[PDB]
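Before any questions on how it binds or moves, here is one chain, the form deposited without the partner chain, in structure tokens.
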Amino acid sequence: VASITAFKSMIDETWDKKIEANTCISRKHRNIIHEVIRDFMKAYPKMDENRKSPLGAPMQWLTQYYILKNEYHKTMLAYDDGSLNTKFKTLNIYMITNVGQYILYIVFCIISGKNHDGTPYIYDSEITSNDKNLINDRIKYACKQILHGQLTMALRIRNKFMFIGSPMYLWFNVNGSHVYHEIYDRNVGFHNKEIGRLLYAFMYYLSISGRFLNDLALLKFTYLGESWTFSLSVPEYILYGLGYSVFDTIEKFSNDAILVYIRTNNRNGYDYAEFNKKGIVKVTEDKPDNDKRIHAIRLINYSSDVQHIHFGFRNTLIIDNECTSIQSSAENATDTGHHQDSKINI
């Protein structure tokens, strides 16, 4: 209910802010969106045994049979006389010119299990279908359609840092490399440095690091049966888009030291907890407010190549609050300001 209230407040406050050049979504609004997605996942975690997917696909968050049974979706659609639902019906891909419209459209399409065209992600008659190609194509098409639509809006309104990442359940057996080489093969404009940089950073990282890395994994997440293995440093945008939080279950497979950023402090810095032992790590610290919650993990090791070592820098591992100071490209990346940071597990 608190997440829905925060969502309403964000939509009401950002309904007139026009999407312009060098605009970005604030940390508070990103945390609100993240909490909405997490509560939508948590409302119906598992699936009923009567209608179960033999492939292990998360049908409980993609099928209309489970969306309409989800109580969080019903409460979101009937919070205040369907005011959010009424505004949603007058929004499409080629008409959005405001930040609140962008957020409402993307989040409501995610939580209702519908694409931007209007079709559901996976139909109710294909829950128990054993055809792997059909379900895989549907999931990949849903994720690619979300990312494409965001990049199309980025090209049309000439914005640079608008980013609502596809959640973790829309990456079931979906190759990140294929997504990058299918979205950026056409629309060469997408390659411009002034159009869609955060989406480019999100897709490039998932094209070089797969969901499962077998024995090369140095870190693993787990949230309601969805897992993801990381070998490099995990920036804030990756965890924000995928939907994982630093307060979830984290499994260390190596003795390399990690820096789990949890929250911001009053000295314009970030507070982190350091772990350098094998085991299951779950941060005991209290969850901060939506304006002070940061999800980023940095691997302090030298085994990673210099080709992708720029992801571990402080100014790019955590998205800057100022829109013009957001660093996403490898060339524009700095590691400064560790004096402002602090340690919480002393």
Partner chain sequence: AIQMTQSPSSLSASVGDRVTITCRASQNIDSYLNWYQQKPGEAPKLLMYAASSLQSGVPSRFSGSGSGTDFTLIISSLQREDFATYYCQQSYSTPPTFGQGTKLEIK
Contents of the next structure:
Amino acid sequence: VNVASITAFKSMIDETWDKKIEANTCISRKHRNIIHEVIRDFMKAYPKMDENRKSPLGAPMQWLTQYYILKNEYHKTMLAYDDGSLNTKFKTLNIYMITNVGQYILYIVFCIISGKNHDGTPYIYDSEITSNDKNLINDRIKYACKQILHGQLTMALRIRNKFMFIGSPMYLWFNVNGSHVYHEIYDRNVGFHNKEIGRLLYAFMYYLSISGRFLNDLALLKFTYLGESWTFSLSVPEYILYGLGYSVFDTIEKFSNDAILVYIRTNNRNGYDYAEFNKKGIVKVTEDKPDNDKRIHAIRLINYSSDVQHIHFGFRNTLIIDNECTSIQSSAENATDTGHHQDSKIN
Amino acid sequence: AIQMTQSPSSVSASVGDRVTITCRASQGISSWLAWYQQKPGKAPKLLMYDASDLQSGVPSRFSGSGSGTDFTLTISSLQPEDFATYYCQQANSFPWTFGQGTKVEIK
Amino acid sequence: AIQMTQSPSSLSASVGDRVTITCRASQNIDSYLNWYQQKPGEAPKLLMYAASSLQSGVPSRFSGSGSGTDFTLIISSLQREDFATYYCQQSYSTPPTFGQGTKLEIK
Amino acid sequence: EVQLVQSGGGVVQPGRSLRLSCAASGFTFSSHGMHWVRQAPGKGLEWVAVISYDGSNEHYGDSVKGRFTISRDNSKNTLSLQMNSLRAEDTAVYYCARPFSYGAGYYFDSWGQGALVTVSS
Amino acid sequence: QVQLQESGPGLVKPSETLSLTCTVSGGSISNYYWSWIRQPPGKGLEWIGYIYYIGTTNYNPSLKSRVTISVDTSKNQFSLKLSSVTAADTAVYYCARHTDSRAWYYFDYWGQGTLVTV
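Given the form deposited without the partner chain above, produce the structure of the same protein in the form deposited with the partner chain bound.
Now the full complex is given, and it begins with the chain already shown.
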């Protein structure tokens, strides 16, 4: 369906295969966009379920069960791109041995797109596709989210690394309570509280814990991609949009008359370009799709009728992830809102 | 926080009749509601952990029902043992909040 | 699940001979096959952790081949310590079927 | 040195219940999943069950589905298998096997000594 | 048959500290969540916080500025310290344990409940 994403992914694993993970190493913007594109094209490989094997609860088994993973053209093309050099490199990686950046990225992305957990068990077994047991399916999906994040955090703890983060795609958060996964992953692992370990993942899960997935009457804007939908009541940092797999070019619907700044691309003079929208209804970005080295995904909510506790998520230096890994900020103790003279308005 | 509102605040019901207690959620909680019984001078006893799932050591006359915004604990046949205050606890977000305890008393 | 079939069920070979235990899969397992050796009265020991992939401490005489739906384990020179049962286990999809083992007997 | 020790084998009548245990040592038990595999006397190896590193995900073989429950206690490093509706078909030596993951697959790198369960009277 | 019993002083003057210790008999702290809950006289139930045996704690935002929950696995006891107790802090304090199931967010075992007055 999309071979360009696979080619870019392969080239980036070859480039980063020998790059050791240091204390402040972070995924470059280009690599992050490559990961984003590969995940979203894996999702687009199968746009709808088969009516003969549809899950009555509505869970997206098309990206969870092996019955549909093995039918995805994208998965087969990526595992057999150029005689499967990536697949051969994958069959030797393990949570407890990854030391390089390329290994980290390859293992996480291949586990995700193969419908596999880190311990080898599938996300959802082929016999539970047409199941009605809500608790079992929900627990399986919740375990998939928790295990992806926990695997990333255990890597970061072993390598003593900060700012590495890939994120769990939105489809894995089906009936998943963000607060429950956040507390399960941070009250059972005391070593994860260190201020030098996985702060991007910390910010991702903290935001997903304070903000629920579905806010009925407290939503300000909605994302939908392939029907998988999310609602936000706060400024949406780029790490959240990148972890969930939502682009600013997807369908955004706007429920109030607030002003949003949709950051779109990085321009010259070390700035960012944004669009402003105020009307209720759909939000349409008429600009061309940016390249992987300058793509940006973030939304700022101007509203002032909100708690001051979560206003730092809209700060420019936190909403937009820094190119320099050491300048990235993930908490209110380091958030700062400076340097708007470099930004420009498109529309 | 998710305010828990219970109605009626007190109900007097005949022994052998049907008692219904409703606990409305300020914001939607998806089945993360537990019901507790507190006899006067005693600590709460967990009756139902999810919206409809019944603990061991609890008589089958206790039926849990509803999911989302609306919830209902029902006693099929009231017994003199069931004189207690009933509380609803939500576990969807933080802090965990209890509702105002509905008294049930035998008439 | 994916069924595992080995051939032959039993094989007779002398010291220094060549043996070729073949494992077939009902569906594609994509190089996810592990071979175990179990001496009588002991737990299975891994020999090859993937198709044509050796484990630390395994003698170099053991060798592997296969690319899904067909795999082979070859022992170039059978020493006296290599007379045991061999199981082919797929790990492409849980359940990890173990396959009917092959027993090697001195001739 | 990874080492898995098992206990709780014995005799139980058909239809009754038994509880196997597998105390792990020498590795971070809280991070690795665990599997159970049984071997009927003189027959091939058969997969029984799996439990995730925390215990929120588990699967059982088709033949044993609905009769066993696998649990783990990450504070004591204990892996237990609950036996119900035991048939004569279930007489086997039971091993607890720790999986070592490579790629999307895994292989059993550590096996227990084997606890014998005999369903006979 | 895990029995929880609260202890500590029953009378604390206003603006001082409040100490409550819960002892777990017939069981262990090693694997479960332990929470503190209070009941204002004839009003309702309000959750204070919980501590996991590892040491991590979660507090109620309403009073997170003056609550401190501690655990001591060697003595099978987890305590609570409330600072600057006001006249509204009079209540019956229960030391609960959470469900040891796939659900860990409900209170399965409760203590006797010690009333403390200010």
